[PDB]
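Visitor: Each chain, letter by letter, is given below.
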Amino acid sequence: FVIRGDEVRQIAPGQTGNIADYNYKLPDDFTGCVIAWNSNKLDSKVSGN
Amino acid sequence: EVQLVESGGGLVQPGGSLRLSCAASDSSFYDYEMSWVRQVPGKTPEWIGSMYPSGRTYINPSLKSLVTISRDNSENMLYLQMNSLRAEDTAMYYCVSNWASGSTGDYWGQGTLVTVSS
Amino acid sequence: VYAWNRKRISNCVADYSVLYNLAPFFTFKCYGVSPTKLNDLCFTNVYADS
Numbered sequence: 400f401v402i403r404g405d406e407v408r409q410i411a412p413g414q415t416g417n418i419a420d421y422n423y424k425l426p427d428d429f430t431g432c433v434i435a436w437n438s439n440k441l442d443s444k445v446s447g448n
Numbered sequence: 001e002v003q004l005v006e007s008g009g010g011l012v013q014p015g016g017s018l019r020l021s022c023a024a025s026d027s028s029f030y031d032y033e034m035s036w037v038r039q040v041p042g043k044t045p046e047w048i049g050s051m052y053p054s055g056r057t058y059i060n061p062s063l064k065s066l067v068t069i070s071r072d073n074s075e076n077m078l079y080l081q082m083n084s085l086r087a088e089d090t091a092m093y094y095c096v097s098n099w100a101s102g103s104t105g106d107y108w109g110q111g112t113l114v115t116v117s118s
Numbered sequence: 350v351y352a353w354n355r356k357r358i359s360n361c362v363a364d365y366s367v368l369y370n371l372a373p374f375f376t377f378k379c380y381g382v383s384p385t386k387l388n389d390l391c392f393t394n395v396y397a398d399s
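Chains C, D and A, in that order, give the protein sequences. Residue 400 is where the first sequence starts when you use the authors' numbering, and the numbers rise one by one after that. Residue 1 is where the second sequence starts when you use the authors' numbering, and the numbers rise one by one after that. Residue 350 is where the third sequence starts when you use the authors' numbering, and the numbers rise one by one after that.
Here are the simulated DSSO-like cross-link-like pairs (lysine-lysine), alpha carbons at most 30 Å apart as the crow flies: (1) D/43 with C/444; (2) A/378 with C/424; (3) D/43 with C/440.
Now the in silico label distances, taken between C-beta atoms and shown as ranges: (4) C/438 with A/380: 34 to 40 Å; (5) A/367 with C/402: 26 to 32 Å; (6) D/72 with A/386: 46 to 52 Å; (7) D/33 with C/411: 29 to 35 Å; (8) A/385 with C/432: 27 to 33 Å; (9) D/77 with C/413: 49 to 55 Å.
Hints were generated in silico from the structure; no laboratory data involved. Positions of the beta carbon are idealized from the N, C-alpha and C atoms, including for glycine.
Start from the sequences, fold in the hints, and give me the full structure.
Guide: This is how it looks when you write it as structure tokens:
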């Protein structure tokens, strides 16, 4: 998924936010990994996407 | 196993409208999300309409109050009515069933020949 | 910040429903209590600063 901008820091046990609690919520006992990377060179439109 | 979608097309009709309608075969389509994606060489990603199952639709912020979509279940064929056709609309429109948040069992069609040039 | 006002809230019921009205309503962190389970606690005094 792609929530928005650079808000990928919100996917963490304890951190709360707008999209971190209304779209994708992570539990406090989450035992896993988290990967994230930008796509400014793959998903980019001359007039916006 | 069968698409039965993207049946239609149009010719060069600047400033007019397009009756582009793409039906769907008799299957277990309940939470389908039909949309329209352009396939102009150079600009592959494109979103136009939305087919949320609750009946409500969302239009792109670019073409606000420009495209109107209505649901039709008489012959199981989705309709789309737009106006104010520009000149750069030369592309290949599709009716994709597995839109974003998908791409696991996604399937496409052959394309609707729609092009305009002043 | 230095001359911050202070209003006393008492003798009323604090329904924590109209508080969630603005869109950029982030950094709503509670210290000592939880964001939920506030519609059942019966406090003594409530202060509001700016």
